[PDB]
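We have chain C already, so just place chain A with the ligands on it with the hints.
Number of protein chains: 2
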Amino acid sequence: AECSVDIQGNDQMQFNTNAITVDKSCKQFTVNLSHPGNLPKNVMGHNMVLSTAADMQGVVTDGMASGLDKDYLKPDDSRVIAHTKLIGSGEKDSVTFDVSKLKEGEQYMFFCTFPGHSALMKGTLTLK
Amino acid sequence: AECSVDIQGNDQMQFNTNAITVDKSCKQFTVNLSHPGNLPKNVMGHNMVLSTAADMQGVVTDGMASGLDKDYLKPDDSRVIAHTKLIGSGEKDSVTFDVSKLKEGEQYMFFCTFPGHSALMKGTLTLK
Ligand code: NI
Ligand code: NI
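Those protein sequences? They're chains C and A, same order as listed.
The opening position of the first sequence corresponds to residue 1 in PDB author numbering, with each subsequent residue numbered one higher.
The opening position of the second sequence corresponds to residue 1 in PDB author numbering, with each subsequent residue numbered one higher.
One thing to keep in mind: the hints can contain errors.
[Said to hold, decoys possible] Covered stretches of chain C (chain A as the covering partner; in silico rule of three or more C-beta atoms under 8 Å from a C-beta of chain A): (1) 8-15; (2) 41-48; (3) 112-119.
[As the list claims (entries may be wrong)] With a straight-line Cα cutoff of 30 Å, these simulated BS3-like cross-link-like pairs (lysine-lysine) come out: (4) C:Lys101 <-> C:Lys27; (5) A:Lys92 <-> C:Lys41; (6) C:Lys85 <-> A:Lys92; (7) C:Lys70 <-> A:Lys128.
[Unchecked claim] Over 12 Å on every C-beta distance to chain C, these chain A residues come out as not near it, computed from the model: (8) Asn10; (9) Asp11; (10) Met64.
By construction, these hints were calculated from the structure, which means they are not laboratory data.
Backbone N, C-alpha and C define an ideal beta-carbon position, used for all residues, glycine too.
Isolated chain C (complex conformation):
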C-alpha cells in the first residue's frame, strides 16, 4: 500500500488510471502491473515505463524500433527511470525504484512503449 500502486492495462488498449502521485515520504515506490484480458503479448503487450515528459517521445520512438525481442525498449536506455517487463494477458509484473530518482517540480510520464499504445496508455506521475 501507500508507496505502491496497482495498474492494469487491458485489451481495450487502456490503463485503469492516468495519474499517480508519489508521496515525498516514500523511500522506494512500487508499480504493480497486471493485464486483464484474453489477448497474447504479441498483439496487445503492455509494460509500464517511467521517464520525464520531455523524454517520453524519445523513449517510445527508440522502444518501437527495438522490437518485441527487447520488449520494445532500447537496452540500458538512460532516459528510463524504471520499467516493468512487457506482459501479455494473465501476466503480472512489478518494479520498485528509489524515490530519490525523482525530484520535485519535474513532470514524469508513465506509459506503454508497445507500438501505437502510448496514444492512449500514458499518465503523469508526480512527487508530492
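Okay, now just chain A with the ligands, sitting in the frame of chain C:
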C-alpha cells in the same frame, strides 16, 4: 476518384481520411487500402471493414475474439458489407462491392477491427 477511394493505414494508427462519400450513380464502389510504414501485421495490422454505424460494435467485439489467424474478423459476419484482409506494412488490398447493398439514410462506418485500433481508426461512409 471515379467510384473508388485510395486510403492509407499508417503505423500511427491513423487512416488518411475519415469520411467516404459513395455516389448513388455508382454500380460499384472500390476501396483500395495500403499500409505505409514499417511495422508488421501482428503489431499494427489494418483492414477496412464496413458496416452500419449500429453493427460496428458487434463486429469489433466479435472480431477481437476471432483471433489473429482469422484477421480479427468473425468469418461470414452477416453485418460486414465489405472488408479487406488485415494487412501489415508494405502490403495492399482492395474491395469492390455493389452499391445496392447500401440504402438512403442509413449511417455506415468503416473501421479496422485489429485490437484497440477502431477507437482511432474509424470514419463515416455515406450514400449521396
Ligand atoms: Ni501496451
Ligand atoms: Ni489497424
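Taking the numbered hints from earlier one at a time, note which ones the structure violates and give those numbers from smallest to largest.
6, 7, 8, 9 and 10
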